[PDB]
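Every protein chain but one is kept in place in this view of the complex.
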Amino acid sequence: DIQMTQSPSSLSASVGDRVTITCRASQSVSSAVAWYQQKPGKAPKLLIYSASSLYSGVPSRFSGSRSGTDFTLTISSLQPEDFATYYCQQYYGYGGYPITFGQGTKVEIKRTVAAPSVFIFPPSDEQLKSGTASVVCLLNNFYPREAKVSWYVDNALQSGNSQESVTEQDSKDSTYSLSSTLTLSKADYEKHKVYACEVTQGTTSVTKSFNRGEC
Amino acid sequence: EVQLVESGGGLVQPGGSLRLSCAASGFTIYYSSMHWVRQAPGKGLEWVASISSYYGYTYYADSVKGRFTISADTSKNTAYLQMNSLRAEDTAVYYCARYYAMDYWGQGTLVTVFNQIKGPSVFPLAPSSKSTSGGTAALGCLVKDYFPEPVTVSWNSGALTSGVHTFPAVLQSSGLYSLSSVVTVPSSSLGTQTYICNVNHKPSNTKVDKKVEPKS
Partner (left out) sequence: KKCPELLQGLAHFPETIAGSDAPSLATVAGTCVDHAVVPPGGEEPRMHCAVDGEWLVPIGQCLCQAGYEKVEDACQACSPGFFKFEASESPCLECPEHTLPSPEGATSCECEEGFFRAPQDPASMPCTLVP
């Protein structure tokens, strides 16, 4: 397979910015390269084909170019509708060889750094009756995406018993949110008092906690 | 207008079989090449197979050779993907698309390879002083121990969307999925306003509505 090495895997930009996404083929693919846009919940959309031909109905702010094995998609003035994921593709030989795609580039909205609002939820008594306890930590509306979550049980740092999930950028304020779940047995949960979620972002850590034997 | 309408996806056990259809309108499928491209949840695009009834060829990704068969019926202007000996790694949204530079795409059809079906338990994430910041309180629903994907969540049957965050599922060490959905609401409203998460799990035909009440 000819590989398409797409870079960067993501970038943050503002409306009106010039944006460039580059894809390097692992050998010559002639001009047999296309570029696609995809938004969540939707099928991909063809932008550019034959390396530089603009597909009908795609605005002229999109352009494609080739230099040897390097292919670039340029957006001359990023529009609100252009925040999306972009993929290159090669089809050299029109069937002679495996079709391959780049791994994609996510184009996100740049905004200022934002500290999360941090909340913690003890396990529900409904769940405790079932023999498992889940403690949930919520990091609400922060930016950039990068954050470290650490769990503590009676000041004992936990490891390997939590999992976390992140939302895509919020359409209103362009932030992210993140949830982390600590899983213990009921028996372990009722053996301890203080449960704490610590969120670290840059120069700031925020620890949210609760006393199992308080209200 | 050109349209590609897919059907035939769904739930299948490992080793089982499915047949996808791609019905074309607005052009003559015989004169085109058609392609199947799949997308695993959270991943990129992967070519699966190609066919040209005009040139009389079929081509397959190595990962599906010997298991999938691409075909067409030009008299029905439809393309097909017969998928046998399905594997967990085959779970994806499958698209059909026209031409190597894929200008028209079907709407996608989800193929889910499952070894078990289990509906979720839904636990409340109650608002409290550990989930309050001034005029704002966070609350939510923890959706635990379901399989397979997906689950969707709404609040108050769609009447509440502002401030909702529904997170991607995680795959627990148990083999089952879990996600959470949260919403931020005015903390003054907590005594008076009712907040219900609506959790839908098509694969088990289960919906759970859970009133989230303040803790006491």
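A and B are the chain letters, set down in written order, and residue numbers restart from 1 in every chain.
Just so it is clear, contacts are C-beta pairs under 8 Å (C-beta built on N, C-alpha and C of every residue); 3 or more make two chains touch, one makes a residue touch a chain.
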{"item": "Where the missing chain makes contact, among the chains that are shown", "value": "A, B"}
{"item": "Per the touch definition above, residue among B:23, B:101, B:122 or B:182 touching the missing chain", "value": "B:101"}
{"item": "Of B:33, B:131, B:166 or B:187, the residue in touch with the unshown chain", "value": "B:33"}
{"item": "Absent-chain contact - pick from A:4, A:19 or A:32", "value": "A:32"}
{"item": "Residues from chain B at the interface with the omitted partner, ascending", "value": "28, 31-33, 52, 54-55, 57, 99-101"}
{"item": "Touch residues of chain A, complete complex, unshown partner", "value": "30-32, 49-51, 53, 92-96"}
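The working rule: only the chains that are shown with their structure count from here on.
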{"item": "Distance between chain centroids, defined by C-alpha means - chain A, chain B (Å)", "value": "18"}
{"item": "Partner chain A, residues of chain B touching it in the complex", "value": "33, 35, 44-47, 50, 52, 55, 57, 59, 61-62, 95, 100-103, 105-108, 121, 123-126, 128, 130-131, 133, 136, 138, 140, 142, 144, 165-170, 172, 178-180, 182, 184, 215-216"}
{"item": "Chain B partner contacts - residues on chain A that touch it in the complex", "value": "32, 34, 36, 43-46, 49-50, 55, 87, 89, 91, 94-95, 98-104, 117, 119-124, 126-127, 130, 134, 136, 138, 140, 163-167, 170, 177-179, 181, 183, 208-210, 215"}
